[PDB]
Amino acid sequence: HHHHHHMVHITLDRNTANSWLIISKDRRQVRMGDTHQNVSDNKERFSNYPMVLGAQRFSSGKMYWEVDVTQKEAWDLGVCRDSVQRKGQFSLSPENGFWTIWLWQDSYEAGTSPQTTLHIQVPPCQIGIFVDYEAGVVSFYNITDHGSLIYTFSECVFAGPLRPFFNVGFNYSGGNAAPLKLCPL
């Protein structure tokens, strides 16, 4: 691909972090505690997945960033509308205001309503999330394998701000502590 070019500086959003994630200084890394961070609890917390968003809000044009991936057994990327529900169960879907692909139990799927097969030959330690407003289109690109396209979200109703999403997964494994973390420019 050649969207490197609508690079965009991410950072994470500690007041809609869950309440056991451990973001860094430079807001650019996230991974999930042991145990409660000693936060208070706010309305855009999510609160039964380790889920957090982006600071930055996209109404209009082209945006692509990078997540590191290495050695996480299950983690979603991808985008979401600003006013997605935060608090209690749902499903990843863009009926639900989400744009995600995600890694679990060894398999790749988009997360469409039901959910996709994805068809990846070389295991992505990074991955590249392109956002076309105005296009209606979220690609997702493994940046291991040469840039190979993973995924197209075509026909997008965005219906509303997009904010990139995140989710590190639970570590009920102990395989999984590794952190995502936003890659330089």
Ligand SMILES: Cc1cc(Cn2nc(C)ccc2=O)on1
The other form holds:
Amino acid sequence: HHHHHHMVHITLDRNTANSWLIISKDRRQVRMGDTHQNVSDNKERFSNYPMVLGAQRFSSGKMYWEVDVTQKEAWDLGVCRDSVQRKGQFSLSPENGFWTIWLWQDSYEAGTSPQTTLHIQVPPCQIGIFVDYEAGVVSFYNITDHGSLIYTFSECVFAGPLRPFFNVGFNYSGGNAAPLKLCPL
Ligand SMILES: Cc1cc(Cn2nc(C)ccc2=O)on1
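Please give the corresponding structure for the form solved in complex with this ligand, as opposed to the form deposited without this ligand shown earlier.
All chains and molecules follow, beginning with the one already shown.
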């Protein structure tokens, strides 16, 4: 891919974060805390899962950003509708307004319903996410493997403004404390 030149500066939106998350001062890193982070509840916060949105909203154009996933056992990445459900239980699917991939239990899968197996030869330490709003495309690239394609969602029904989406995952094992980090352009 040659998508890096639609690079956008993504920052995290504190107000949308699950109350156990810790967002860095520069709003470029997020990790799971070992407790509630002493914030008030609000209607934006994801209640059930360790999720947070980017501050940026997109309704047109081409956008590209990169995320560091080094040393993590579990995470979800992609984009979602601004109008996604925040409270209670839900699945990550295009029907629910999410275009995502994840790592879980040593397998990589795309967030279709049902989920789709990914074939990645080089486990990624950094993921590139490309959105073409007009084309209806969300694509994922393996930065560790020369930018190789991971997965493409096409004919997407965005149905409104889009936000960058992140899930740092639980840390029941003690092996998933590492942060997600937005990488420099
Ligand atoms: C049972 C249980 C409790 C937690 C800790 N916790 N985590 C989040 C992300 C949201 C609510 C919350 O209670 O994780 N599993």
